[PDB]
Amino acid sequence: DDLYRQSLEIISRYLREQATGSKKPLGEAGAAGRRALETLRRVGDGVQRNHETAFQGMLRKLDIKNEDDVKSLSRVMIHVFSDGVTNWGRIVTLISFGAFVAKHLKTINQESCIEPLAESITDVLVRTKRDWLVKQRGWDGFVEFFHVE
């Protein structure tokens, strides 16, 4: 599953970068996936600030403390797409919520849960929106969508 592995590499690098504050080559996505990661930082940081009250509100109701709680986040995550809407905006909102959870996990000393978090975000994304992701040419479509001239 190449789409899974490539999506996981980008999502996982972004969530740990966000959690630690430390930003080397993407062995699978290459110079292109570097552009995907750079695009994720720029648009994902704008999304996080914009939905901060909503993210804080979600985190409060969830009470995420350990890996078990993190694995139960999958039931919540599918609802980023449950209104029948699929677009890159929604996809970045899901990843930014992951980066928001990843920072919280690093704060409460649960850094080990960041990788299973990246995996459950990638699983929800790739297993439920595979056809749409393939129609959009995966991360190529994402880079093109948010491209600034």
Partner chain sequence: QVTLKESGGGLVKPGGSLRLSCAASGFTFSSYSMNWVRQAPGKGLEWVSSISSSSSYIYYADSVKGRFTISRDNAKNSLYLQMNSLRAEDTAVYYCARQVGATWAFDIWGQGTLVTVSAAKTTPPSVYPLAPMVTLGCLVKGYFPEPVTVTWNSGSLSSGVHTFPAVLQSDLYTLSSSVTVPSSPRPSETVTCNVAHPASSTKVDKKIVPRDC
The other form holds:
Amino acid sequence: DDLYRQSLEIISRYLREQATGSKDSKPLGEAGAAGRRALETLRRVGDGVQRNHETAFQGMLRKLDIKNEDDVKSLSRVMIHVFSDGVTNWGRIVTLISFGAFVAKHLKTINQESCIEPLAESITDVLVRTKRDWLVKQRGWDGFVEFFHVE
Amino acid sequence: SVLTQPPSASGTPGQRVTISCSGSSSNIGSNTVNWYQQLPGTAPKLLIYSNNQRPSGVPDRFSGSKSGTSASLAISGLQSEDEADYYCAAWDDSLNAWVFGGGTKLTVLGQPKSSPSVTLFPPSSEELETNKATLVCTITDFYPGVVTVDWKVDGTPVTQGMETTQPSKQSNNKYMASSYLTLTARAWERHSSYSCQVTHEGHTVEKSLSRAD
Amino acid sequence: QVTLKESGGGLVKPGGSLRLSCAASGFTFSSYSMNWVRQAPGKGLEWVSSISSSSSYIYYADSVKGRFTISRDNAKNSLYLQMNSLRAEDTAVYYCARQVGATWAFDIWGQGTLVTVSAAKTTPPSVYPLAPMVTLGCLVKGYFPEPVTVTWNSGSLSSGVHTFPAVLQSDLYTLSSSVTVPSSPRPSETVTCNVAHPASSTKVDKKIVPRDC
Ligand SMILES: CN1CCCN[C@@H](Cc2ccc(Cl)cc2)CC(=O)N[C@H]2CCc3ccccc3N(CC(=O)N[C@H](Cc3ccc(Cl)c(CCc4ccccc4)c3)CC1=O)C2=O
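Could you give the coordinates for the form solved in complex with the partner chain, as opposed to the form deposited without the partner chain above?
What follows is the whole complex; the chain from before opens it.
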């Protein structure tokens, strides 16, 4: 699945750079120019989500009490609550990925850095597996860039 | 077309006209409907988006709605400037394609009637030199936009060589049309009395000429 | 000024190929899905093809699958349509339309470009004077393909002009344009029609000189 691959690449890249605190310059080897644009939009939108819901994100992180691999494995049951109500839109998808970045940031500080990759594939799992048809209909990562374009 | 619309719609000034758009569960049933207005001789323009939203510049008179697999465009306060072709469009999930409706031609009837201004032109000398003769009959400033054009050569009705244009809209909401009579230069020389007769609303306006200029 | 301008339309033989181009201006082209929509003269809108911002998602109408290829050059703000194996049914005005990211509405459309799929040859028009307030005109005879453009006195005469639609005789178009001016077509106060037929690079001026009739 090229979409699973491309989404995993973008998401894993965004979560890894968020835990690090500094943005990379090296190229994306699968995603392409679509992935470059997708990651750039995700950086602008995702950071504007993380700031606008900073208190709510801090509270959710505290309440979740993530400290080990079992907690990271169970986080998939929390991820589905973003789609639980039958609502699917780019606004929900960005929030799902922005919080993923917040968790990844927490996992790095609490020295559980090896659990970031498992989390990134879990976000991609819930996205690409439960919402494939909608993503493809919405023109995947191109539609994502087109939807959030402001001008 | 996948989306169906009445081919035509009509109303009088100030009346509320409704244009329906019928689809399926995978197009209108799954997606938002957009409307396009195409004024005579122009490119289409966005009229309604997201079922009932108006872009900047579209007056309050236009409203849209959606229910089940159908959509509707409502034009309150019909005006002669609303005369256009209206199209609905929706993305279709099962086709992976945009589907446009067949289009609805809107006519605004009951405005004050105007007789056609008829002008008849003989062939030019330059054209006669090519051994051809064209008579041109211009018909402008008529409402409603329906005319009948008959040609007469020496009092006898012409049956061949005539071509009339379909009525076209003027800027002032009136209509215009054009008629042509093509003869050989010899046939133009052989006859003297030429007449273009324009019938509008049980009333006929005639313009004639003699080749003996 | 956010614009779209189509190019490349013209006369092509059945079974032939043609490439249409569409230039985008005043916006960030690489952040929009784009579309081709066509319209056979006197007929409805028919969506042709769609291409996402990074060319990852491409769609075609069934009527064009395997013959048309859409692509875009984001570095050149350009959208293309490579049309191959062209048939009579592909004769239409082809429009370029920008699609809104958040609603999928086609908010910006180009003016369109006409594609004529015919075996008939490119024929320049013959412009003849139409001489009888006074109504003057010029007859634009036997050209192919469409379109032609008519102006009066290089565009300085726009009030009272009536350019009628064309009629199609055998495989040649004829159209006329009329102008109503005040009751004095004086030799010093000239009336000239300017006719352009881009398909045959014809640019003709025709001074309308009346005769005592
Ligand atoms: C069962 N429910 C609730 C039942 C579902 N009904 C929801 C519907 C909904 C869902 C989402 C949105 Cl944006 C708007 C509405 C109502 C709701 O949640 N409203 C929101 C309103 C404000 C808000 C904004 C942003 C984020 C969270 C908000 N919060 C705070 C919060 O704690 N939300 C959880 C649900 C949730 C929401 C968003 C995200 Cl990103 C996650 C984390 C998933 C994750 C991602 C990466 C790594 C680990 C985990 C969880 C409540 C819960 O547990 C609300 O309460």
